[PDB]
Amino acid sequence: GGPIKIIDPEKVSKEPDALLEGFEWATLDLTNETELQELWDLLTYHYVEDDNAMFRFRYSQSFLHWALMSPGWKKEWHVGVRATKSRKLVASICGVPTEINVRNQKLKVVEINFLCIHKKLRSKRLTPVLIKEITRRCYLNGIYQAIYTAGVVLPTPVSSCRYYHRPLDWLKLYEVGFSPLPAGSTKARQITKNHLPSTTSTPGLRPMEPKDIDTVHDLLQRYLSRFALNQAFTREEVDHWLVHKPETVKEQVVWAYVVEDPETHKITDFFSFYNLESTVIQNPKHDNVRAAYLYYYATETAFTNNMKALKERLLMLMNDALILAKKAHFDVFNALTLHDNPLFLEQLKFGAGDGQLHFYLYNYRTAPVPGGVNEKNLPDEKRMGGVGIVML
């Protein structure tokens, strides 16, 4: 694989292209509360919906602060469009830098996310203009490749993974139209099907601490190396993405847990999950669904290449993840078919979803990467080893 074209730094424009009449480019400063609020107001009413217009992602201000001011971030890559007259923010497209491994070639990239246009400005071909602008800002900073994810099919995806969903509060999910009552069944029966133990079972399990950063960093990198496409984590990215800072972050977004071996006290495993609510668009009974999404994890068990032993360790670790997410009042636990997730999703009672997540690279070509599913879009233990990165 490799880059499609080389960018001539000499020819990157110092000026942006023109915009629809009445609008202008604006760099966002997300360390300004007013501007974080304005981005949150845009996304909360205009970001991704489902096909039935029942739900809309509701990224919190805390999540936005976390997702967008990660190690290495530059305000130049938080791009807005404003109305010249009202000053209203009406469109956004954002990036943060990271390094990825693509079949053992390490690449410096931007991860692109939070592309959004106000409903009133849709279907005016503003997207290509937003894309071309952030591309120009990245080129000016010596970044020439990008990775991104979308729930829609666009030119040359690198992989595709299917969403899976583990009900934690089945009755809330039913009430908001997320989960069906099938059908010869009852509420009490679906609750039973979904019941979880009150307490975790992995010996040594505890919340991740700052002291664990180096050991978790080593285990995660070793683990992620078993994937064709992966995130090449730095120590600062371990600290930022996995260790919640309660002194400075009032609405927790990341949960991470480690397994401190009872005998050796070396961390032998870990997992994590993030908080992403959806607003429930029109429901007398509820206005939100509080989803937890499985994030990164690792286990020393993987290195045996004994798949039955990996499966058993993951069944235990992941059921503990479910227990902990329910304790922290999440309604549903979401995961994709990436990493080794096909090993546990169905047995731990995750239901197959209608959503898919497609992975894309800009200005980089590589063979299709397996995303955890067969041709029928079902989880397949022979289709793993491919996607090792979780985008937000």
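Take the two forms, find the largest set of C-alpha atoms that superpose within 1.5 Å, and that set is the rigid core. Numbering follows the first chain given and starts at 1. Residues that one form lacks are left out of the comparison. What changes on going to the form deposited in another entry:
- In a core superposition between the two forms, the Cα of 186 is the only one among 186, 305, 156, 123 shifting by 2 Å or more.
- 181-188 is the only run of at least 3 consecutive shared residues whose C-alphas each shift by 2 Å or more between the two forms once the core is superposed.
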Second form
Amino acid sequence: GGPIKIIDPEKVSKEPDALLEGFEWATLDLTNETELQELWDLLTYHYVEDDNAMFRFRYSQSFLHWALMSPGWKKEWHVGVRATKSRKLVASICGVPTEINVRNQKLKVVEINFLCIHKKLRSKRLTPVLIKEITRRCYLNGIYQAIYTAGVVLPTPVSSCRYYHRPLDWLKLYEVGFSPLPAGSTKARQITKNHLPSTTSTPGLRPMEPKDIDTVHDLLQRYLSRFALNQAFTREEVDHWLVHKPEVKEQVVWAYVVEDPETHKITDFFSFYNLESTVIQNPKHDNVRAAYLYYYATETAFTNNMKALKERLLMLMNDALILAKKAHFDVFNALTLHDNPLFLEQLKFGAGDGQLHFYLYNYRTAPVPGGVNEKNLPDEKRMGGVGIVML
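Return the form deposited in another entry of this protein as a structure block, the form deposited in one PDB entry having already been given.
The next block holds one chain only.
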């Protein structure tokens, strides 16, 4: 594939477009505590819900700091819209830079996320305006392509992946309306079915440390290179995205490595992050604590023995579940991307209603497989496609 259009630097406007009357553009500075708080206030009450308005994402302030001030970040790519009078933040749209590989052409992109409009301003076509404005700011900085994901179908997705959910506290999930009771089953059977071992099995599993950064970087890059569409990690990005710094307020990222008991080389790693959802108007529960499978890698993949890879992943990911369960998560979420179809059904992940659609701006490439077939069920012959995860 390649770029759709070339942008003329000479022609990029130095001024933003008009906004709806009574509103103005505002660059957010998320190193200001009070500004990070305003973003959090906006997302907490207006960001992504399920269709039934039972749950809303509640990215924490630590999470917002981590996701939005990643290497190369610029405050210019954190775009707010404020009410002119009250100064209230009523919309946002954000970018951070990264590099991605699209069938072996590397591209400098922004990843767009945290598009949000206050409920009272919805269905006024402010979205195109937000998009066009962040687009202008990216073009002024020499960035002309983007990748983004959404839970909704929009023109020309590059891929689509299904959400899967492994219950950790099945009864809590039942009570909030997250997890159904299967037709002929009972709650006891579901509780029994979701039990997990009390201890991990992979020899040499331990938390990731800073000293592991270069090795993990090498291993993740080799492994991600197996996917048509992947994120091309830098060392700083591995540092930022994979290593928790206990000095955030509230841990966001959990990373574990496998140090081979004999060679002491790291041969595997996996990571998962913390994203809670507000439970809406339920007097007995206000929260679902989800862990999401993030990046991982294993040397076993380079053998191209799909059976040995499966085996290894069943072991590593069951350990990920045990760990998430010890860390008090209520559910573990994963998508059908990476080599995830190899283990999802076997580790008792249930199929979700949600889908994650992947999109590129200003770049054309052939559709990429998303780990599912025509029935939207996991498919080991439709992997090797999506090797990027967005937050």
